[PDB]
Structures are given as structure tokens and as C-alpha cells.
Amino acid sequence: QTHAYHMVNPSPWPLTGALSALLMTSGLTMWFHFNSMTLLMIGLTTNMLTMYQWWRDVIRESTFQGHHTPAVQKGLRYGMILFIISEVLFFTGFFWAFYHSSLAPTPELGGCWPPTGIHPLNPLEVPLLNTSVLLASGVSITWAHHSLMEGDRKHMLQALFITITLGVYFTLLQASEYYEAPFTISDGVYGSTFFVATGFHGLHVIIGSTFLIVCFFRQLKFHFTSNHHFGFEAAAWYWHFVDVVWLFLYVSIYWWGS
Amino acid sequence: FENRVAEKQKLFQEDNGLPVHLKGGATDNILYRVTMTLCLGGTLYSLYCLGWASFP
Amino acid sequence: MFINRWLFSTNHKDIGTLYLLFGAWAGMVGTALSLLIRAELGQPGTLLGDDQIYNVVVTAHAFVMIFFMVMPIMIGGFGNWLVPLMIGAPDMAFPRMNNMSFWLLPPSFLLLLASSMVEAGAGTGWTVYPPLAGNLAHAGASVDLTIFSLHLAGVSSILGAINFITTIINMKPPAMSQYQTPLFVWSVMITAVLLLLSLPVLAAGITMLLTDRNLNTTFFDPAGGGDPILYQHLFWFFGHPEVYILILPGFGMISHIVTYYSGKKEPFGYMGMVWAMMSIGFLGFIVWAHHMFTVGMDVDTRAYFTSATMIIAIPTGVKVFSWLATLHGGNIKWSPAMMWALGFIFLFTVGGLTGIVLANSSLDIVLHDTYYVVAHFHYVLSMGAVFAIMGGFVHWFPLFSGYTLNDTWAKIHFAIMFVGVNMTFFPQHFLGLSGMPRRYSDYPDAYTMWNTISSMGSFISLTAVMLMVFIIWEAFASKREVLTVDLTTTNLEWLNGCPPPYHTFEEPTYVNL
Amino acid sequence: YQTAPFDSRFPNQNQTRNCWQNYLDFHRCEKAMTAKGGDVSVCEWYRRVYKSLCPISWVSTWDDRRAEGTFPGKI
Amino acid sequence: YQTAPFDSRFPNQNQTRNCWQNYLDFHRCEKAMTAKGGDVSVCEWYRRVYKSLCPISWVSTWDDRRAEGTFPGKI
Amino acid sequence: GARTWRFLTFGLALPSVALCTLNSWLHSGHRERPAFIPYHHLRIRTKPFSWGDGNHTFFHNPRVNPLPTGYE
Amino acid sequence: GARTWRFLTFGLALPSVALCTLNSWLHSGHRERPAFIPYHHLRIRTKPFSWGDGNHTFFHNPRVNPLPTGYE
Amino acid sequence: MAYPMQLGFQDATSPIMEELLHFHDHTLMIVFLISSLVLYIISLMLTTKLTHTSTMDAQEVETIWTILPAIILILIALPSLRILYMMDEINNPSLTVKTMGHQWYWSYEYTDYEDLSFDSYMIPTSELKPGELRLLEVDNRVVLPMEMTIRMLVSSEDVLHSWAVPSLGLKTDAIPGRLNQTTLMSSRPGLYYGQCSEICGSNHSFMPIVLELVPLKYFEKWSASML
Amino acid sequence: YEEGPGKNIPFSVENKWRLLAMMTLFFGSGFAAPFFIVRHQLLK
Ligand code: HEA
Ligand code: HEA
Ligand SMILES: CCCCC/C=C/C/C=C/C/C=C/C/C=C\CCCC(=O)O[C@H](COC(=O)CCCCCCCCCCCCCCCCC)COP(=O)(O)OCCN
Ligand SMILES: CCCCC/C=C\C/C=C/C/C=C\C/C=C\CCCC(=O)O[C@H](COC(=O)CCCCCCCCCCCCCCCCC)COP(=O)(O)OCCN
Ligand SMILES: CCCCCC/C=C/CCCCCCCCCC(=O)O[C@H](COC(=O)CCCCCCCCCCCCCCC)COP(=O)(O)OC[C@@H](O)CO
Ligand SMILES: CCCCCC/C=C\CCCCCCCCCC(=O)O[C@H](COC(=O)CCCCCCCCCCCCCCC)COP(=O)(O)OC[C@@H](O)CO
Ligand SMILES: CCCCCCCCCCO[C@@H]1O[C@H](CO)[C@@H](O[C@H]2O[C@H](CO)[C@@H](O)[C@H](O)[C@H]2O)[C@H](O)[C@H]1O
Ligand SMILES: C[C@H](CCC(=O)O)[C@H]1CC[C@H]2[C@@H]3[C@H](O)C[C@@H]4C[C@H](O)CC[C@]4(C)[C@H]3C[C@H](O)[C@]12C
Ligand code: CUA
Ligand SMILES: [Ca+2]
Ligand SMILES: [Cu+2]
Ligand SMILES: [Mg+2]
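Protein chains in written order, with the authors' numbering: chain P, 4 to 261; chain W, 1 to 56; chain N, 1 to 513; chain U, 11 to 85; chain H, 11 to 85; chain T, 12 to 83; chain G, 12 to 83; chain O, 1 to 227; chain Y, 3 to 46.
Simulated from the structure, these hints should not be mistaken for lab results. One or more of the hints may lead you astray.
In silico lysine-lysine, DSBU-like type, Cα no more than 35 Å apart, as pairs [to be verified]:
| id | chain 1 | residue 1 | chain 2 | residue 2 |
| --- | --- | --- | --- | --- |
| 1 | W | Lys-23 | N | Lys-479 |
| 2 | U | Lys-84 | H | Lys-41 |
| 3 | P | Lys-157 | W | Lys-23 |
| 4 | U | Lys-84 | U | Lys-46 |
| 5 | N | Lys-333 | N | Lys-479 |
Derived CB-CB ranges, DEER-like [said to hold, decoys possible]:
| id | chain 1 | residue 1 | chain 2 | residue 2 | range |
| --- | --- | --- | --- | --- | --- |
| 6 | O | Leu-227 | N | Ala-62 | 47 to 53 Å |
| 7 | U | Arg-76 | N | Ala-62 | 44 to 50 Å |
| 8 | G | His-51 | U | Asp-35 | 37 to 43 Å |
| 9 | H | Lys-41 | O | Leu-227 | 35 to 41 Å |
| 10 | U | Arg-76 | T | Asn-66 | 26 to 32 Å |
| 11 | N | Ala-62 | H | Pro-82 | 55 to 61 Å |
| 12 | T | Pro-79 | N | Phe-459 | 52 to 58 Å |
| 13 | H | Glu-78 | O | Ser-225 | 51 to 57 Å |
| 14 | Y | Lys-18 | P | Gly-202 | 54 to 60 Å |
| 15 | P | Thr-41 | T | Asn-66 | 21 to 27 Å |
| 16 | G | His-38 | N | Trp-334 | 47 to 53 Å |
| 17 | Y | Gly-30 | N | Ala-62 | 20 to 26 Å |
| 18 | Y | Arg-20 | N | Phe-459 | 26 to 32 Å |
| 19 | P | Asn-38 | Y | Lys-18 | 51 to 57 Å |
Don't be surprised by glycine CBs; every beta carbon is placed ideally from N, CA and C.
So that you can see chain P by itself, here it is in the shape it has in the complex:
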């Protein structure tokens, strides 16, 4: 070749990923209808194996084999931005459901929001702490980024460890909130909008945290150069996305919706 693009070795992971999607969906069906978790656990296992080996291979291709020229890296930047945009529009649908229900509360609710019989969480207690935690994690991940660019291994690792710690703290606080909440997913459209929107956000916090942990271990193994660290940049962009979605949830569901 006399172009700078990456001709990828033939790979089984697209097919294993597609089959993992079949097993997870047929598995959810078999859990919801036929009282059985077997297909679902095979699908979750094969999905995790597929993601592990696929992203391992991307590290092999880039850090170990040198395939990520500037042109390839520019492609991956566009890819991650477009992926984040798709995730924003997914959340938009849940915000639309929330505002539809809350702005025009039906007679069944008592014609009010929150509905009769719903006792919302105090937004000034754990939800405010959760806000301070994710905002703080946006500051620490920016410190990590600058440490890496400046060639500082020790301070990149300390800043990234602090970011992950705050992500875990948010997750344990939210798990505690979930358990303590006097309303449930079955508490009409209030519970529905609350748990599905914050639940998908909590999933994205766990995903984002897992991505940062992958970056932590790659940094421990000296994979990143001071100039070339797109996995770190992508994890940072994703993490900022998770923060911003939280700020919109906090203002919309916890504060305005109380």
C-alpha cells in the first residue's frame, strides 16, 4: 500500500458479536416468558468475550503493530464523536418521555407532578452529592489528560485513579439511593421515567468507569505516548458525556421534577 489506512486482518469477532446479540435478545425473551436465564447468561458471556478480544486486537494493531497513522486516528475521532451523538439522541427519547408525562399530568396521577402518593428524593441530599462527584471527576480527568500530554506518568495515574474512584462512588451512592427509594419502577410513569432514565445513565457510568479502568491498566503498561493516546481521549469524551447527561437528569427529573 502507499496510503496511510488500515487493512484489518480477517476477524471472527463481528460474527461472535452478532451471535452474542442473538443470544442476549433470545435470552431476554426466554427470561421474560419461559422462566429461564440460560441463553441470557451464554449471551452475556459471549458478548464480554467478544468485546475483550476485539478491543485487545485494536491495542495489538495500534500500540504493538503501528497501524494507527494520523489518518487512522482522525477516523477513530470522528467515529467516537458520532457514537456519542447517537447516545445523546437515545437519551433525548427518555427526556421526551419525562417532559411529556410531567408537563401534562393525567387525572390518574391526580392531575399533578409529582403524582399523588409519590414522595420524591430530596435533590439537596445524595443527588447533590452525586452531582459534586461527577463534576469533580470531570476536573480530575482533565488533570490526567494534561499530565499525560506533559509526560508525567505518576500524576496521570493518580488523577485517573481519582477519576475512577469518583465513578465508583457515584455508582455505590446510586445503588444505595435505589434501595432506599420509597417508590419503584412500578410506581406509574413517575417511577418509570425515574428508573429507566437514571438506570440507563448508571449503565453508562459503569461502562465509562470500565473504559477508564482499561485506560489505567494500559497506562500502567506504558501503552500511551505523550502525543498518541486516543483510547484515553475517547474515554475522557465518553466520561464528559456521562457527566453532562447527569446534569440534565439532575435539573430535569430530580430538581424541576420534584
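Using the hints provided, position chains W, N, U, H, T, G, O and Y with the ligands relative to the given structure of chain P.
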């Protein structure tokens, strides 16, 4: 820890004709065989489940 | 080597070939479902004796034609084959992710055919509105399997959109601006942006339906303070962009075919064609509630949606008139592909105009949920998409295969298909104006004559499909290998021969400033 | 009284809140007129309007819920 | 009746809306009762509460404005 | 620079978290649960849940989450 | 690029202004003025204005702006 | 009702259906002309040996191609929106009737004065009286006064349905938890038929609407008999 | 991998009659499937 990236560059650039998913050695083969066996077996199981669920 | 090549592909051409084979098979499924619809409607009284089965057949017909025939053929097949070739790129940006967009479709299709095989199927319509699609009125796994089919199709197209947008932005020759890319490449980029933005909203909506059915949420259940109409907003916020997704790559292929067989180096008014597609894409996001004129929305809302909808006719008319102005002064080659494209311009125009009739909410009160709507979309979508696909298929078949079609057979095929689709769908306008509802297994006796004629037309189109399979067989049977093709100076996809080597543009093109 | 007249508060196709508001108004008034042993004839306009507009099954469900202590509106 | 009880609708230092609400409630009730020729005695609670809470000059100004046709609240 | 973002991390961000932690931990005591009312818009059951006895939510808390028939 | 921003100027921005100009155009023409009511929170006069007779607002429109004593 | 070999709308029974007929005639003339012009121009482009294959300037013609369609759309939208705002204008109905959709039949409630209600089921083909219409008759018709403004309120007790009567210009979705309003005014006595117009499951084809329009005096006698 | 006409496809065109069998099974399976699904639903 020590920077061992040069040693991994040498392993993954060896002229042995292996595709990148198998180039780490025997462990890659084992993990690939586990993954593909679970996917194909799982898929066969999902078809049996379809057969079962298609009748009262 | 076979498994490595066809199951483990990282090659844009082979993945395009898999998409074309997948879409052609799906088209047979969708056509069989369409003939079962028309066999039931061919005579008054019941044929199937099971109107839930009729409703399942209509629902499956739509999902198969949209998600498994049109989108895989236009975007996965023509998109993967042609986009990299037309910009001199060595592959897609994400050649391995590309393969996963393909392999998600067979499992997606398996979930749809599981929906129809368990319980009494999903007899919901392709809109899947609650509460009919909920766990009381559709108890059991069928609707859940339909929702999961759409999740896998959705992920396939979202990842494919990311791949096409990145490829088209990042992998052109450094001298080539966006305003030096062929219109087919523009049409795919714009389709991909619509997919990226619309499919996540559908995914949110059908996920809510899944949780209402299985986790005791009440997004769409008034007993919990939910609203069935919220589902409709989320569905159609996706669904209007979806109908432009279905036609845009067709518009791109038509621009190339009309230009090629007019003997022109270029389409008339290139920047107006780009403007028109971007305008259609943008306006496509602000019109969705014209699918909801009878649900009880406010008069000012109906006034806004009527007006915004009619605006789409302006950029659309620029494209129609630009195709006509590309013909103008041409040395016309009356190839079978040109016939498909001329058929497209006329039939698309008829269906677009019945769309403008429906845009008027006042009249839509009387035409909504009637055969007038079915007539509209089988002109603009069914004939538009199908005629663009058939034009593209017979034009680019020799590029993909290395073999020529029999042009006389291909013209016979066009003639039969033109008679069949018009005999099928033209009378449905009369059925709609006279008030025959859509989604009906049987009809008052007055509607018999036009339903009889429509069903007779459906058999004519069947004869065309069967002939198409024979024509493809005859080309591979005879093995006439391509020697020369004209106009390669303005059709880069041909310049590496027929078929092009597995790896093309290993040495990139030279383009200076 | 023939039927419920146009109400400028509820001018659009969706009349749910018109039915609901007049049911609430009738029951709030009835409770005020019984809570001094007052007279429920004062509440007649609201009764005629909700009876005209509200589906029988809605009225019947709301009545059952008031009797159960599960009516979610304030009376 | 000694004075206006605590009202959970108006739990804070600013009692302006409490005075206003009870003045409106009294006059809305008095209108609904005079109009059928029913008994203004059913309105008495609202009267006692607004008289307890509302400055004399506010009530006087609001009365003048109702007589003038310039009262900006809905009665 | 890295120095500035570390200064913001330790001098602004983590002190904020410490103060919100103190705020939360001051109001962490259990609130008295409200009387049970079998409202029809709450405790929705259109299909049994796919776990336990089908009638308990996934993070059911006996102290604060009544069943359709009331507190356990 | 300049080419792209010109395309947006002429292909989106000015067509938008033309559509909104039509919309405004169509909904213009004077609506009937409301009955005058001498509301005490409107037509405020705590000090005469520093122009005219002290009682006319700066862009007073006789057709739609009553004085404290009503329409002119 | 529709009749065999019908090409257009059912004859108008209400002033707003009349308006829609005139509006459709106007819009269809435009559809015909534009369809015909495109077919004609295709034939004109294809029927000459004369050629011009060099680059053509598009700027001048694109003004015609945008301005002329813009004018045409305005000429459709003006009368379109006039009718829309007429079918919204405040009227004094003299009667309110509710209809509730069910799987698979309609119920009607006339609760202005007495609690009158009844179910309306399709007459099965095996039970039709000679000369009665397959899939269109019901056991209990919606008796209404002619030449009077009637408020119809539409809802559902289960899934979505849609209450339609083409000859009156009427189609209003029946949504559980929602009360949708439409106005009905018949210029004529007689029987006026419609059919459920939102897919509601297996018997969607089999839950029709029949209005029976009679003079006020006969409507009053019928109401009184119901007691 | 093999290059050129008849070599860039996952099916053989070496023999036109074997090809006719494969294309018949391929398109015929797709066309038949809905008829058999309807039969399956009717037979419940
Ligand atoms: C792309 C979309 C598309 C296509 C192509 C078609 C094609 C056909 N459709 Fe339909 N149809 C829909 C989309 C489509 N349809 C949708 C969305 C609905 C609404 C469902 C609902 O109400 O919920 C619907 C509903 C619908 C109804 C209304 C049913 C009812 O309301 O009860 C009818 C009635 O006759 C009908 C008939 C047909 C017929 C006879 C064909 C065809 O037979 C016409 C001829 C076309 C072909 C035969 C296709 C040929 C193409 C190929 C075989 C691919 C070849 C591939 C390669 C060359 C690579 N379809
Ligand atoms: C290819 C797919 C496709 C395309 C491109 C379109 C294009 C348009 N559609 Fe259609 N539509 C569907 C597929 C499509 N539609 C489907 C599938 C449904 C039904 C969904 C369901 O319910 O299942 C549907 C339903 C649908 C409805 C809902 C009707 C109802 O359910 O009651 C409406 C309402 O306004 C609408 C309008 C339009 C308009 C105005 C266009 C415009 O974009 C058309 C513009 C084109 C032209 C006007 C022709 C060319 C222009 C000229 C030659 C210039 C001169 C013209 C004038 C001055 C008018 N369509
Ligand atoms: C702590 C922070 C984050 C934690 C994340 C959640 C943990 C468990 C499950 C994880 C997956 C969550 C994602 C969102 C899905 C739905 C519900 C999740 C929100 C949640 O956890 O909600 C809980 C209920 O979970 C439930 O029902 C059951 C939940 C389990 C079943 C969910 C199955 C549905 C899967 C939907 C798949 C859709 C995928 C979308 C693909 C789109 C691609 C285009 C709330 O508990 P509760 O007792 O009702 O109230 C508390 C009372 N004290
Ligand atoms: C079209 C938009 C442009 C506005 C230009 C036109 C008018 C004058 C200039 C405006 C400057 C901006 C704000 C000043 C305050 C008031 C003017 C507000 C805008 C205006 O023009 O308001 C008009 C009133 O103007 C009046 O009183 C006019 C009063 C004129 C004297 C102004 C007094 C100046 C105040 C001092 C400014 C201090 C700035 C301090 C800066 C910070 C330093 C630390 C409205 O007309 P009307 O008849 O009441 O109603 C319409 C009925 N048909
Ligand atoms: C218990 C846990 C439960 C949760 C499980 C669910 C999933 C969790 C997954 C978390 C994601 C981990 C992603 C790891 C990616 C590692 C590979 C990587 O980062 O690869 C990098 C490229 O980036 C790239 O491909 C970028 C790759 C981007 C991947 C983006 C991933 C977001 C995934 C979201 C999943 C979908 C969620 C939707 C839910 C509804 C490699 O380039 P560099 O870094 O420049 O290195 C090269 C230098 O060394 C040279 O000097
Ligand atoms: C109810 C349950 C149903 C759900 C079914 C789940 C569906 C499928 C199973 C998913 C299995 C995923 C396995 C990992 C995929 C990793 C893809 C990836 O990371 O793709 C990358 C490209 O996309 C990029 O960057 C940016 C994009 C990264 C995307 C990662 C995958 C996301 C999958 C789900 C998200 C849907 C979106 C949510 C919003 C709707 C890399 O591209 P390649 O061509 O590989 O390599 C190119 C080489 O140059 C690299 O060296
Ligand atoms: C390497 C490839 C992977 C291959 C996959 C292996 C497939 C394993 C077969 C086991 O099948 C299981 O049998 C269980 C017992 O027969 C079922 O239990 C369930 O069904 C029972 C029916 O009696 C109920 O008691 C309960 O719901 C529950 O225990 C369960 O559904 C089913 O999965
Ligand atoms: C001693 C070791 C050196 C790493 C190296 O340069 O190889 C240091 C450098 C940065 C350290 C990490 C950072 O200080 C952040 C964390 C500090 C915690 O107190 C222990 C874990 C923690 C995650 C540390 C583990 C380990 O001590 C690291 C990894
Ligand atoms: Cu009821 Cu369709
Ligand atoms: Ca029949
Ligand atoms: Cu639309
Ligand atoms: Mg409808």
C-alpha cells in the same frame, strides 16, 4: 513496573502469517475456541428453544 | 479460506455482496407476504379464516421490505460496493465493524420469523402502537421478539452510519473537497446522518414498550399516567426520517444512471442536487406529526405540520427538474437501467404528489387509515425504492460480477414490472377516496372490483420477480466477460475493471490542487 | 340546559381535563355544601356538565375510588 | 374560632398569598351562593381567615377595585 | 497546564465533594414511612416480574416499598 | 470554508428569513383593541414623562395604547 | 356508503365534507397537471437527435423551479388552512354524544339529561335481513337529529380504535384515557356508514358505525321511548 | 483469495445446472417461507 512495549511490538510483528487475533500464541486459540463454541452452541440452543416455543 | 473470506470479511466488496444476497432473499420473503395479502383481498369473504394471521402477514411484509430488503440493498450493498470505489478509498474506515453491521441482520431476521412462529404472531402493524402491542392485547413473546429484531437492525444501521460518515469525511483524496464527491456518495452521507439521529429515538421508544410489557412501567399506559400518543411521537420522530432514508440512496443512484445513459459527464446542477438532498434531510425531522392528524392534536399544530410538510416539495422538485435537465440534450442510450430510472422519475412524482394531498390535515381526516395512504407510499416508496434498486442492479451488475446481462430480457422484465405495479396500486386511490380502510382482512361488497383488479396486478409483478431470477441465472450461466465500458472518465467505480480486484486503490489516485 | 357549552379553558380536541375539572368542581362543591349542611342545588351546573361530557366508566371508577379512599385528586 | 390556623399551603414567613387566597375564596363562594340565592353563611371560614390575616388597607383597596371593575383576580 | 488542573482537583473539586458528603451524612437518618394507600396508579402489576414470587420489585426494600396489598 | 458558509447563508439562513417573513406577512393586519379597564397595575404614572404633555409614553400609539383615563 | 366502481369520495352529507370535495377537486387538478407535465417533459427530452452535452448553467432555471412550486404550494395551503380553521370555529352544539371503542364493537352514551347507553355490534353475514349490507349493519344505530350541531366525544375502554364516517368528513381516534371531540352536522336524514379506522386486532374489519339521522321531533320521541 | 469473474462470490458458477439448483433452493426457500409460516399458524 517497566516499559515492555518493545518486546510486545517484536511478538506482534513476527513474520509468522498469523492473523492479529491469534498472534499472541496458544492462549488466543483457546479463548477463540471457547468463544466460538459458546456462540455456535448457544445459537443451536436458541433454534431448539424456537422449535419448542413454536407449538403449545 | 471460505470461512475466512465470507464469515470473517474485512473487505467492502465482499460485505457489499453479502448485503445484496441478503436483501435479494429478504425481497422474496417480502414479496411472498405481499401476495398473501393480495390473495386475501382478491375476493370478498375470508380466505385465511384467521384475521389475526392476516394482520401478522401485513406487519411482517412491511418489516421485511423496509429493514431486510431496501436498507440492506441500498446502504449495505450499493453503499459498501460503490462508496469506497467512487472516492478512491482502499476500504471503509472500520472494515471489521462493517462486517458486524452485516452479521447482525440474519439474527435480526431470525427474531422476526420467531415472532411469527410463536403464539399468534405480532398482528400490530409495523407501527407496533400500544395498547394493541402491549401485554394484554398481545400477551406472549411475539411483540418482544419483534422489538428485539428492531434493536438488532437498529444497531446494525447505527454502526453502519458511523462507518459511512467517517469514510466519506475522512477517506477522500486530499485534493477532493466534499463538493467534488459524486452525488451517490452525498446521498449515502445524508442517509447515514438521518440514521444516526433517528434510530436512537426509535430504540428509546421500543425499549419503553418492552419495559411496559415486562417490567411494569407505564410510559404508554394511562392507568400509570402514561399516554399511548407519546409512543406515536417517538415512533414517527424516527419514522418520517426513515421514509427519506429509504429513498435518498435511490435519488443518488438515479442521478448516476440518468447522467450515464444521457451520455453526460455530469448531472445538471450538482450543487442544487446537494442542496436539495440536505434540505430534504433537514425538513425530514420537523414534519413527523402528519402521521397523527386524527389523534386529537391542537389546530395550530395541525396548521404547522401541514405547512412544513408541503415545503419538502420545493427541494424535491429541484431534483426532479434536474434529472429532466440531465436528459436534455443527451445522446440517450435506451438501456434497461435507463428504463428503470425513467419509470422512477414518473412513479416517484405521482407518489410525491399524493403525499402533498395527504399533507393537508383537513383532507387527511378523510384519507388517513385508508387505501389512499397505501397507494401513496407504494408509488413513492415501493415503486421508487424498487425501481431505483432495479436500475442500480442492472447498471452495476457487470461491475460487481464481471458478466453482462441479456439486455432484451432485462427490458422484458422492466415492461412486466411496470404493468404489474400500476395495475396493483393505481386502483387503491379509488378504494381510499371511497373510504376503504387499510389493515382490513375483508371489505364491504362495494369495494370488490378495485380489490379484484389490484390482486390481479400483484400476480403480474410475481411473474416479473420470477423472470428476474432467471435473467440473473442466464448471465452467470453464459459467462459473457466485460471488455470495455464507456464514460470511465466520470465513473471512477468502473476504472479498476469488472469485477475490480479484492484490494483496489492500494496505490491511491493522484489528484493535484 | 341542553348540553355543556363551549368553555374557553378547554378549547381543543382533547376534552379530558374539561370532564375531570367539572367532576372535581361538583364533588368539591357537594362536600362544601354538606360540611355546613348547606344545599347541593348550588352544585347543579358542575353536575350537568360532567354528566354530559364524562364517560360513564370514568365517573363510575372515580366514584368507586372516592369510596375506597384511593381517588388521587383533592376534594 | 380564635385565629387563622397554620396552613401547610403557606408555611413560610411571607403570608401575602394566604391573605389573598382567603379573600378570593370568600368572594368566589359569596358569588356562587348569592347567584343561586343560597346561604353566604357557608363562606364564613374564608371570611374569618382573610379578616384575621389581611391588612385593613388591602381589603379596603380590593373591595374598592371589585366595585370599580378593576380587581385583577378572578371571582 | 497539569499543575492548574491538579490545583482545581484538590483546591475546589474534592473540597466540594467533602462538603456535599458532610451535608448528605447530616441528613442520612430514616424518614417515617407514609401511611399505605392502595392508589391504582402505583404498585402497577400488568405482568409478574421474572424473579422471586413475581410481585417484588428488583431492589425491593421492605421498610419503604409496600406491595399492592400493603407493607410486608 | 467560505464556500460552505455561503452555501449555508443562501441555502438555509436566507430561505428561513424568507419563510418567516411570509408567516409574519400573512398574520399581520390589526386585531381589534380590547375594552379599556382602568387597572391600577397598568398605565403607571408616579412622575410625568420628560416629553410631550408628561402623560404619553415614548412610542405612544393612539390606536392601541390607552391613557390612564382611556383611549384618546 | 360507497357503491360499486366508485372513483371518488362518497357524496357530502355535511357542509365541511362539501368544502373538502371542492378542495380535493382544486388539489387534484394541480396533481394531474404536474404529473402530466413531468411525463410530457420526459417524452420531449427523449424524442430528439439534437444534442448539447457540454456543461449547462443551472442558476437561471433554478429560480423558476423554486418560485413556481412555492406559489403552487401557497395556492393549496390557503384554502387548506381556511377549511382547517372552519372545522375548529366555536359552535354551540345542542347535543353531546359519547362513543367508546371496544374489541370489537362501539358503545354510545347520551347523558345530557338521562343515563341512556347501548352497545352497537356488527350484524353477522349469516343474520343479515334481505337487502342489508355485508360488514356494515349494526343492531343499534346511532340515532341523531338532522340539521343540528352535535358534539361527539370519542374514547376507548381497551386498545386504540378510530371512529369514522366518510360522508360526514369525520375520523377521530379513540384513545383510552383521552376524550377527543369532533362536531357532526348532517344536512340530510338517512343512514350514514363508517368503519373502525385504527388497527385494533383480529376484528378491526368488523366493528362499523351506522348513524340514523331523523328530524328533531323523531329524535325526541326516540329519546323519550328509551326511558 | 481467487480474483475475477465467478471467483468473487460465495457460490460456484463452474456448472450452470448446479448453479440453477443452488439459485432455486436460495430464492425458492425465501419465497416459500411465508406460505409455510401461515400453514403453521393455521394448523394451531
Ligand atoms: C419498501 C417497502 C415496500 C415494498 C417494496 C412493498 C411491496 C408490496 N406491497 Fe406493501 N407495504 C409496505 C411496504 C412495501 N410494500 C408497508 C410499510 C406497509 C404497511 C404495513 C402496515 O400497515 O403496518 C405495506 C402494506 C401493503 C398493503 C396494505 C395491507 C393492508 O393495509 O391490509 C398491500 C395491499 O395490497 C401491500 C402490497 C404490496 C405488494 C403487492 C408489493 C409488491 O408485490 C409490489 C412489487 C415489488 C416487488 C415484487 C419487490 C421486488 C424486489 C426484490 C425481489 C428485490 C430484488 C433484489 C435485488 C435485485 C438485489 N403492501
Ligand atoms: C420513499 C418513501 C417516502 C417518501 C419519499 C415520502 C414522501 C412524502 N410523503 Fe409519504 N409516506 C410513506 C413513504 C414516503 N413518503 C410511508 C411508508 C407512509 C405510511 C406510513 C404508514 O402509515 O405505514 C407515508 C405516509 C405519509 C403521510 C401520512 C398520511 C396518513 O397516514 O394519513 C403524509 C402526510 O403528509 C405523507 C406525505 C409525504 C410528502 C408531502 C412527501 C414528499 O417528500 C413528496 C415530495 C415530492 C413531490 C411533491 C413530487 C416531486 C415534486 C415536483 C415535480 C415539484 C412540483 C410539486 C409541487 C408544486 C407540489 N406521507
Ligand atoms: C446503580 C446504577 C445503575 C444500575 C444498573 C441496573 C442494574 C440492574 C440492571 C441493569 C440494566 C439497566 C438498564 C435499564 C433498563 C431497565 C431498568 C433499569 C433501572 C433499575 O435498576 O431499576 C430498578 C428496577 O430494575 C428492574 O426492574 C430490572 C432490571 C433488570 C432487567 C432489565 C432488562 C431490560 C433490558 C432492556 C434492553 C434494552 C437495550 C437497548 C438496546 C438499544 C440499542 C439500539 C429499580 O428498582 P425498584 O425496586 O423498581 O425500585 C427501588 C425501590 N427501592
Ligand atoms: C429599538 C430598540 C433600541 C432602543 C432605542 C430607543 C429608545 C431610547 C434608548 C434606549 C436605551 C435602552 C434602555 C433604556 C431604558 C428605556 C428604554 C427601553 C426601550 C424603549 O424604547 O422603550 C420605550 C419607552 O422608551 C422610553 O421610555 C424612552 C426613554 C429614553 C430615555 C432613556 C433613559 C436612559 C437611561 C440611562 C442608561 C444607563 C446606562 C448605564 C450603563 C452602565 C454603567 C455602569 C417603549 O415605548 P412605549 O411607548 O413605552 O411602549 C410602546 C407602546 N406602543
Ligand atoms: C461489569 C461490566 C459491565 C459493563 C459491560 C459493558 C461494556 C463495557 C465496555 C467498556 C468499554 C471499553 C473500551 C476499551 C477500548 C480499548 C481499545 C482502545 O482504546 O483502542 C485505541 C483506539 O481507540 C478505539 O478504538 C476507541 C474504541 C472506542 C470504544 C467505545 C466504547 C463505548 C462502548 C459502549 C457500549 C454500548 C453501550 C450502549 C448501552 C445501551 C487504541 O489507540 P490508542 O489508545 O491511541 O493506542 C495507540 C498508542 O499506544 C500508540 O502510541
Ligand atoms: C437488548 C440487547 C440488544 C443489544 C445488542 C447489542 C448489539 C451488538 C453486540 C455488540 C458487540 C460489540 C463488540 C465490540 C465492537 C467494537 C467496535 C469498535 O470499536 O469499532 C471501532 C470503530 O468504531 C468506533 O471507533 C466508534 C464506535 C464504537 C462502538 C462500540 C459498540 C456499540 C454497540 C451498541 C450501541 C448502540 C447505540 C446506543 C444508542 C442507540 C474499530 O473499528 P474496526 O473496524 O474494528 O477496526 C479499525 C482498525 O483500524 C482499528 O485498529
Ligand atoms: C456450549 C453451548 C451451550 C449449550 C446450551 C446448553 C443448554 C442447556 C440445557 C438445559 O435446559 C434447561 O433445562 C432446565 C430444566 O429442564 C430449564 O429450567 C427451567 O424450566 C423448568 C421447567 O420445569 C422450571 O422448573 C424453571 O422455570 C426452570 O428450572 C431451563 O429452561 C433450560 O435452559
Ligand atoms: C509505585 C507505582 C509506580 C508505577 C510505575 O511507575 O510503574 C505507583 C505510581 C502511581 C501509583 C498509583 C497512584 O498513586 C494512585 C493510587 C494511590 C493509592 O494509595 C494506591 C493505588 C494507586 C492506584 C497507586 C498504585 C501504585 O502505587 C502506583 C501505580
Ligand atoms: Cu376497532 Cu379497528
Ligand atoms: Ca378474501
Ligand atoms: Cu412522514
Ligand atoms: Mg391511524
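Review point. What are the numbers of the hints that this structure violates, sorted from low to high?
Key: 1 and 8
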